[PDB]
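A single chain comes next, written as structure tokens; it is the form deposited in one PDB entry.
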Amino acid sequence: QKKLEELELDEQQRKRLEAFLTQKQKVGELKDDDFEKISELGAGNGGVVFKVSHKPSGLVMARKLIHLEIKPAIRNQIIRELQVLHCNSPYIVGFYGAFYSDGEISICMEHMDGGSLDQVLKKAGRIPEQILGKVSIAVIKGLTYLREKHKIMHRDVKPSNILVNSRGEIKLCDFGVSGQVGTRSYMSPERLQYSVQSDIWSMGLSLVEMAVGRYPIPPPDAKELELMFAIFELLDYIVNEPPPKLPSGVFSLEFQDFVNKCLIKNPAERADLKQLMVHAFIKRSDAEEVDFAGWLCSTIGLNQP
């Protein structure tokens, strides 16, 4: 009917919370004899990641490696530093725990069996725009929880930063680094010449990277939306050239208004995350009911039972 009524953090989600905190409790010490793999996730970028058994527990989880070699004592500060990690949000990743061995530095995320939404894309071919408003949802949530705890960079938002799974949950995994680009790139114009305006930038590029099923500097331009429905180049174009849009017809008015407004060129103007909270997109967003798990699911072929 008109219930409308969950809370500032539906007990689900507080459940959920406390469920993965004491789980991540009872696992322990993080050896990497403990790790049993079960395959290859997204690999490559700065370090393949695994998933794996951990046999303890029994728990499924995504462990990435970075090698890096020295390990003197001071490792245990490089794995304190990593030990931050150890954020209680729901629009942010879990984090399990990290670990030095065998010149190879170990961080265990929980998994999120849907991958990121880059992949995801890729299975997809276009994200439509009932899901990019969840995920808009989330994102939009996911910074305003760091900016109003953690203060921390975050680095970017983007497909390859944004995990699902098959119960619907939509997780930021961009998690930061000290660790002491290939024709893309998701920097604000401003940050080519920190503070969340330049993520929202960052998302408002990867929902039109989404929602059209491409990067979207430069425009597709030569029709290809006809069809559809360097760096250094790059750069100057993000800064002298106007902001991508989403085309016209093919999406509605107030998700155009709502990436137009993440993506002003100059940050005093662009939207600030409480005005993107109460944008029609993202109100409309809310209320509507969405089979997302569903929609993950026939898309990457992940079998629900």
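Rigid core: the largest C-alpha set superposing within 1.5 Å between the two forms. Residue numbers count along the first chain shown, from 1. First, how it differs from the form deposited in another entry.
- After superposition on the rigid core, the single residue among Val60, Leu68, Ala280, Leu273 whose C-alpha moves by 2 Å or more between the two forms is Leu68.
- The Cα shift for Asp236 between the two forms, taken after rigid core superposition, is 2 angstroms or larger.
- The Cα position of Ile78 differs by 2 Å or more between the two forms after fitting on the rigid core.
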The other form holds:
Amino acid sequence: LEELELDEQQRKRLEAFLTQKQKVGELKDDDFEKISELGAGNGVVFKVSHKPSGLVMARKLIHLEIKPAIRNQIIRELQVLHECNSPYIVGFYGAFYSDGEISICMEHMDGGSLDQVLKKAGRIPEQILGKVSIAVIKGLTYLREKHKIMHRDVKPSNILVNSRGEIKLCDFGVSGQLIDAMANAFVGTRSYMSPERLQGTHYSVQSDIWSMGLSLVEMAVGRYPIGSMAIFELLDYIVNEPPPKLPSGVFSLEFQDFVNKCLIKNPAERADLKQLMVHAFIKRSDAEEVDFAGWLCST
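Provide the structure of the form deposited in another entry, given the form deposited in one PDB entry shown above.
Keep in mind that what follows is only the chain, not its partners or any molecules around it.
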């Protein structure tokens, strides 16, 4: 509950977002104009301009061949995002369908994804990842406490940042129908899936913690930790081999222990959201003073 609290500036930023959002109504393709291309995934995301409101927005197009009934139910389930308001969760504006593609409109993050920052830094400093760890843990706790869902797709490409210093989660499993629909395509080249989910055993938000740990190891060493191999070899490596570890020299002992407790392959012994928040690595970085904006702007 203490992680769910916001400072004065975060409360002002959230209300300012919800105020600008209040000017938006029903979304339609005719009411949008493209600005630039924010990147691409397995799906394309455009920086767009909503003409009736004038707001800058991010529009993701998901190409699916699904029954219209399934398409409409996805739009209905995505409406839950209107109640997912947090300084660590990307704001949501609307969703609609046109030309065989489902549009998801959300808040724009000028900094981009933490996977694109890795390419513009090589490695990410430990105190920066401490703020990221705090943002991810708080965001995962918010989804579990307020909406009873997990993220199920934590990875550096789904942790977004901006010049205002904010670090928010995105692309989480808010729609049961959208999860099912996207399971048969969107083949990736790497993976952050927990070992227990890969094997079809019982899973929970612990899998998001494992995914966060692997993302932190990548952003710390500057390389994907699993194992060039194809996807199945990588998945097999995740199941069979012991987890990766952070180098012993540069990184602090607490940060190594933080990552190690995230990456325990047995999810029953893996640390949880509560234990991680009261971990020594979080408290040191929580009370610490870092200008993440300046580091993000330079990198």
